[PDB]
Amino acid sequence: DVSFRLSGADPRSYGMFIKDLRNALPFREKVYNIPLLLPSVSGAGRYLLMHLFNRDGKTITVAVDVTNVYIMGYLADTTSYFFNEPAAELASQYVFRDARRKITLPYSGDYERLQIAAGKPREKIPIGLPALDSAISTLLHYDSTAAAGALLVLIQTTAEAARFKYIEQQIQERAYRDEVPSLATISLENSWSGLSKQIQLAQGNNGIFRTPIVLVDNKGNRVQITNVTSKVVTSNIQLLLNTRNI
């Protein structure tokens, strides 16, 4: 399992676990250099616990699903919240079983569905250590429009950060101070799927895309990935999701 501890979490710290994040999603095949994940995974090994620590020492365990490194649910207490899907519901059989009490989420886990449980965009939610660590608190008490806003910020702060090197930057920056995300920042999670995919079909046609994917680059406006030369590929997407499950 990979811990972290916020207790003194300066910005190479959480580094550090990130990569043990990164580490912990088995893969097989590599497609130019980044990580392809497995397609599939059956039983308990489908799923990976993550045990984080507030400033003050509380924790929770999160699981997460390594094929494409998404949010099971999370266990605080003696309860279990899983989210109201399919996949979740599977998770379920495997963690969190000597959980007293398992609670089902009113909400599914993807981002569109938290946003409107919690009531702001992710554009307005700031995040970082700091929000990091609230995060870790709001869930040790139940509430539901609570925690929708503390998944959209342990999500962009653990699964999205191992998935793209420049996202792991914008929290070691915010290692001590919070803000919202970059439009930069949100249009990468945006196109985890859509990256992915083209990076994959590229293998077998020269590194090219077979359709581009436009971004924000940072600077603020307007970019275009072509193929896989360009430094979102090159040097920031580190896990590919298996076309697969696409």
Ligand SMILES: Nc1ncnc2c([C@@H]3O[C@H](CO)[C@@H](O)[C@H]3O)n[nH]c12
Contents of the next structure:
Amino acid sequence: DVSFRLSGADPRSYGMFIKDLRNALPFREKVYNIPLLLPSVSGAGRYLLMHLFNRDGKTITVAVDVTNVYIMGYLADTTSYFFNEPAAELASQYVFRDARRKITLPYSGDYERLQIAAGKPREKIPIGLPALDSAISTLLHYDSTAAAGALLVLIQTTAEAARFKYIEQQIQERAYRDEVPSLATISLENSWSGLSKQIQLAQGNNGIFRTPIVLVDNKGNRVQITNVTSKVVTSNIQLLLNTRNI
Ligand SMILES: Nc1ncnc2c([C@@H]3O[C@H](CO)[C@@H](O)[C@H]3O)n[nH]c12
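Right, and the form deposited with the named molecule bound of this protein, after the form deposited without the named molecule?
After this comes the whole thing, all chains and molecules, with the earlier chain placed first.
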């Protein structure tokens, strides 16, 4: 299990938690030196448990599917909450079996539903380590609108920071003050699947992408990734999604 404690978290310890998280996921191969996430796992072993403590030391356990880094739901002392989606219902079979109550959130765990539910698009929700602490605290007592907002912060500061070193760096910049995510990071978040596929499709095409992944990222708008020498490949993306899951 990976843990993090916001109390006395500087940028180093976050980075260290994020390295752990990355490290708890299994992969067999590395494609172009990036870990290729297994195409599937079976059992409770498909699920990684994150223990997250806020500043007062209250904790939620979050459950992450290790095949795609997808947050399934979590446990707040005796209650578990899962998303309203099939994978999340399957997960419920293997995790938090000892909770005294199981609530299904009114929404699935994808961004479009979570933003709708929360009233703000991702671009207008501050993220940082102070936000995450807030987010943890919200989650500790049920409010389905407040949770949509915290879950949006929660996904971005754990799962998306695992996937991309850039985003893990943004959050380090925000260890003591929150700030809305950059276009660059909304773009990276959305393109993980596209990127993942093309990096794999480039083995046996000479590191060349069959289709070029255009990021807004940091060319202000409209960058285009076309082969694997690009920095988003060489230095940014940290975890690959298996093409069996795309
Ligand atoms: N509940 C969740 N937990 C982790 N990641 C996601 C995502 C991510 O949004 C992007 C797909 O368009 C991709 O990174 C998918 O992994 N949406 N919801 C998520």
